[PDB]
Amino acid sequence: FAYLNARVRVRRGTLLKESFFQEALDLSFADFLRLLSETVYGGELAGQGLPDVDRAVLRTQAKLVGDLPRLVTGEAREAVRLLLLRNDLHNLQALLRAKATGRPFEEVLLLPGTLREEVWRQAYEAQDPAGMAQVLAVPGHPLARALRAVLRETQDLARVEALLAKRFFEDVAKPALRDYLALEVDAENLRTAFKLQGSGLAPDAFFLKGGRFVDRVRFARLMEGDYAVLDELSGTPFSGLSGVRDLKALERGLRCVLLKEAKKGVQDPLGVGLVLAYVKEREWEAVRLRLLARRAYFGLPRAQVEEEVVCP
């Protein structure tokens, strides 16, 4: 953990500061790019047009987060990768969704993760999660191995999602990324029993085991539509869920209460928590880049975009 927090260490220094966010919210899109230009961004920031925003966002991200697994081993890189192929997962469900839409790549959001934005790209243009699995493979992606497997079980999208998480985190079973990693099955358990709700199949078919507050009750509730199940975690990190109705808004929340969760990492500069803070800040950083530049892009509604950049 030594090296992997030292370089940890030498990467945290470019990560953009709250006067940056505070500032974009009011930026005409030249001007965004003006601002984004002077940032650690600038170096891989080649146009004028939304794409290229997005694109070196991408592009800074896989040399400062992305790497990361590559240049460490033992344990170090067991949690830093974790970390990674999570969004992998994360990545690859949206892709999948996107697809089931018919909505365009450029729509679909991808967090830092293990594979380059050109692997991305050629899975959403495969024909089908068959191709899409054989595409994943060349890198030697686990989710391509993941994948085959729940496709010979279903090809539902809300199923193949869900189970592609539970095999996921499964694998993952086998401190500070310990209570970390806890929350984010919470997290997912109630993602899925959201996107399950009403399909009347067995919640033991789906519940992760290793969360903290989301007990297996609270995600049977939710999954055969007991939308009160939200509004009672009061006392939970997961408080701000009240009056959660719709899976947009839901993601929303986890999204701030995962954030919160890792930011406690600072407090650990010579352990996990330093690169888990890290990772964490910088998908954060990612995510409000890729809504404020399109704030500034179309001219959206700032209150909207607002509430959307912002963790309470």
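Rigid core here is just the name for the largest C-alpha set that superposes within 1.5 Å across the two forms. Positions refer to the first chain, counted from 1. What changes on going to the form deposited in another entry:
- Once you line up the core between these two forms, the CA of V72 is the only one from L96, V229, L164, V72 that shifts by 2 Å or more.
- Comparing the forms between these two forms, the C-alpha position of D215 differs by less than 2 angstroms, with the core used for superposition.
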Second form
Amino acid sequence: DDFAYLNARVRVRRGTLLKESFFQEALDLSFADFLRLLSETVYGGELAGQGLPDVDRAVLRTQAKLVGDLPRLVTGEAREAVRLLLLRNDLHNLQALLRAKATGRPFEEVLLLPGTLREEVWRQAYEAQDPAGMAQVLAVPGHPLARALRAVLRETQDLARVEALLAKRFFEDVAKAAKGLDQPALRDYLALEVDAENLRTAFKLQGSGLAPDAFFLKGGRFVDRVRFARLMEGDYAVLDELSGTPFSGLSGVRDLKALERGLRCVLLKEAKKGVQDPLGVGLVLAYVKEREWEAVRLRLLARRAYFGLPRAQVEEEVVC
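Having seen the form deposited in one PDB entry, the form deposited in another entry:
Just the single chain follows, nothing else.
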């Protein structure tokens, strides 16, 4: 462990982060001009065709090389900390894949965050014949989500419950690994990720009649068991009671889309606090999250330009 060498490599990578004016110009371009603007960034080195799927592939391959290689640059404790960040992105990816598969979204529209598994592993998991085949695909590289998915599917096959319990189980495992590190920035970010997952789980399971304690994740900071239970009962005022916390901007949120938007913005702002940290995981955490948000926004704006959607239909989604 230490982050000195990694940090110096990352400060050089941050020089290729896309600036805000990229995203502001892109809102008003045709798809040809979007492609041109993209070709002048670091993503242009992976842009191999002129169609929408080519932009998505250019994003995936670029992020693989600028983020997915990070654990190779550190060892011991520092490597464990970086690995946890990427694993949390594998959890996002599996959740996104399950929901796509269940709801009729093709694999090509699934947002894959930079993680520890190759794209072809996710495609194979999507394509598998049944959930057993999906788990075996994850088990070949020995990924810990394979066992977690098996354990959750034994208990329930309802999509929203499977997503919630998979997160619960992942964060319960991350917590044991994370407790063995001493990274104050990671401790603050993890506590906020727990609060956020609790809020999304409570919102999604609202009115199902479930007992909240099977679903509540410990380890948070601002979202207590009683508010989680109240929101899972259908009390939306919980989202209005968070003044004085990082979640105070959730006030007035009354749909999942606006929730997930709000949550991503809260976590990005928190990840940004550590960009100038000389010690520990803060700078790599900030860099990974900024690259995540860059990928999310590139895919949305690529679609807006390709299909010619109005700017107001998408601007709210790409700004915090």
